[PDB]
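As structure tokens, one chain now follows by itself in the form deposited without the ligand.
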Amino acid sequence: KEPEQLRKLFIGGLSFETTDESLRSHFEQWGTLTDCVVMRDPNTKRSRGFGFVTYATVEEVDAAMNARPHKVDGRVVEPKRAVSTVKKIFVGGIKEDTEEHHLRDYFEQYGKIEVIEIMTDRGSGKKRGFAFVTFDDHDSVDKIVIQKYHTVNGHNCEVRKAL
């Protein structure tokens, strides 16, 4: 079983009318939910406007994220994977033989790429062995940086959020 943290979505921007039950009914469209909670004030029981859902598998999380935008109880909400929000990554260790198509063909499977920037030496124009990739959506980055490994053009790459 995948670690539970990797199976959780934080759902921000809830309708205050959303309940555990309606949040669950919504998000069960994309998978089995092992947990589903709307955060409320301990005293007033008034919604705090966010909650979390936990799916049985990461593929279900992916399904839910791919089904954004989610309108729950009339309001578009903001699902994000639980922490381990940017659209850009640093990709290091790609050396001088890694080209844009290597980066694209790999990373485009995480989501839509807007910019690939292979870093070259300001003086010499030689590849510096790292790149930045900008995606159209943060979940691409969130999926990427939770991976233990990235292999691109046969290189073991170091990938992290870029800001």
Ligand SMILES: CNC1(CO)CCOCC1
Contents of the next structure:
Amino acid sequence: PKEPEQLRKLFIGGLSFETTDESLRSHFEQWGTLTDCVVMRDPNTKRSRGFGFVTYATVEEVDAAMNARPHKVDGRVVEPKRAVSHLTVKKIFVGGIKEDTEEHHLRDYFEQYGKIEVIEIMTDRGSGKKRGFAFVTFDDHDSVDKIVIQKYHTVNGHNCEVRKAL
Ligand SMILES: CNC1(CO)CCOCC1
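After the form deposited without the ligand, can we look at the form solved in complex with the ligand?
Entire complex below, previous chain first.
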């Protein structure tokens, strides 16, 4: 059973105009099997539009490619991003954590998606009581992109609602 193709794609921006289907493929095949690899071009001039996409056989291969950033492809540092589900942010809202979820619950779970820089457990401005949601800020957007395409997040026994924040 193959993961949906949308979740196996990487959009690559900032290409050198000299990058070709073949040179993009040779580069990104270092991190997995590519079922598709396309440089986008003008339909009339054939001049590169400066971006393209690669499709891996598995999500773990996408992860490997993202973990190998920065990618310098044909002399230029490119910008890979997972396909849209792009709203490129480093912060998530985590809701449904109730009053008993602490910083270490959130850290122990989310640190396996990426490097955490800030955890903000929200409290009532008047009483100081926990409001039941939090924000987590990572050092990079791919953490967030992995998180929000999951159907489920279980933290401290709570089924949480997680979305991109600002
Ligand atoms: C769309 N499904 C979710 C709802 O926000 C997103 C990931 O976190 C919880 C499940």
